[PDB]
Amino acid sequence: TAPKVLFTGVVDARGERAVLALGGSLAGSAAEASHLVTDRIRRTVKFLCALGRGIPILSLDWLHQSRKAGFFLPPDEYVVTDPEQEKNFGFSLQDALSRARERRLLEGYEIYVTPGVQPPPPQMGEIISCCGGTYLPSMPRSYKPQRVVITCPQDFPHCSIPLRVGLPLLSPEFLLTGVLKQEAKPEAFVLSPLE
């Protein structure tokens, strides 16, 4: 199966051209990609979706060396190594990828994101889906385990129904930090709607 490669961080004509010349294609999104090529660990839709799916996240050297070979090389030795952001964000990329490959982080979760949330709900929905969760199109009316509402102060006036039925009201960082680290921990991210 020919790689569908996504680029992010660097506008890299030589790399893109090498993908095509080697018989691969360029990916339109991280959700479609087989491989992500990048320089650093970043909290972006592209990086978080790639990580949530557990696809290879590789340096530009993969294509540099593949171009010399004349064919796509095995990905293993080209994994992104960013000790600085690993320290600063408190996770190991290899370990996070290993977790994602065993089971996607949000399997079993149903998540509604209220309209005023930042980052924008549709971007949050893309990340939720790439982590195997269900992005809900409207506010729930009933309780279910692992059904949660990502919300914000602007939207507290609209939260009486989820409060009524005991659905957790969570910070958007539940998703962003959780997906980055591949660890879901709703409790520290519970909002205070009356304050």
The other form holds:
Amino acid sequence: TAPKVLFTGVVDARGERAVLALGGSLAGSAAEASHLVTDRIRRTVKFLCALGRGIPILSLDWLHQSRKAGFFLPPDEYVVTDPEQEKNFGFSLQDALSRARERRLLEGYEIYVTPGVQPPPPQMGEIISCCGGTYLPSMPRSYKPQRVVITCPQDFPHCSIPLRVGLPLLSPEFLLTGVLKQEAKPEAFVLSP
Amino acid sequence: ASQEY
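Instead of the form deposited without its partner chain shown above, give the structure for the form solved in complex with its partner chain, please.
Once more the chain from above appears, this time first in line as the rest of the complex follows.
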């Protein structure tokens, strides 16, 4: 089927024109997208979601060069290469992409997000779903392995139940750093007093 | 622009 192309962090009017002209469409969300187009690595919801699903994450040259050719080119040579940000976050995009393609990062995870977290619960939720985790929109009331709560200092009134039932309280970085590297380390993101 | 985190 025709590509459903997502963009993040760029206005790429040239690329948008290429998408419709070549017979693809604009993706309305990471979940419906086949391709993410962008120029750099950024921790946006779309970027993390796209990585989580392990879809192609391509530079602006893919659609540009595709349009010169007259058809959607193969993605392989257009992978986003951002050595500066790969260094900044201490990971390899392509390595992280292979990980996502081999396994779902958050398989077996049930994750609740408190209301003051950034990105907000629904958007944090779409990052969780895209990694094969179960987004918990309702407050969990029992302990289960790999059942975690994402919270923050100002959400202490919301930690009341998790705390009673013995659920781990974790920083957003568990997901924001974890999804980006495609490495899940719940032990390292436990919130201290 | 889209929020970065």
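Think of the rigid core as the biggest set of C-alphas that the two forms share within 1.5 Å after superposition. Positions refer to the first chain, counted from 1.
Chemist: Fit the core first: which of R43, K68, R164, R40 then shifts its CA by 2 Å or more between the two forms?
Modeler: Shifted by 2 Å or more: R164 only.
Chemist: What is the C-alpha shift for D155 between the two forms, rigid core superposed, to one decimal in Å?
Modeler: Core-aligned C-alpha shift comes out at 2.2 Å.
Chemist: For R141, give the CA shift between the two forms in Å, the superposition being done on the rigid core.
Modeler: Rounded to one decimal, the shift is 1.1 Å.
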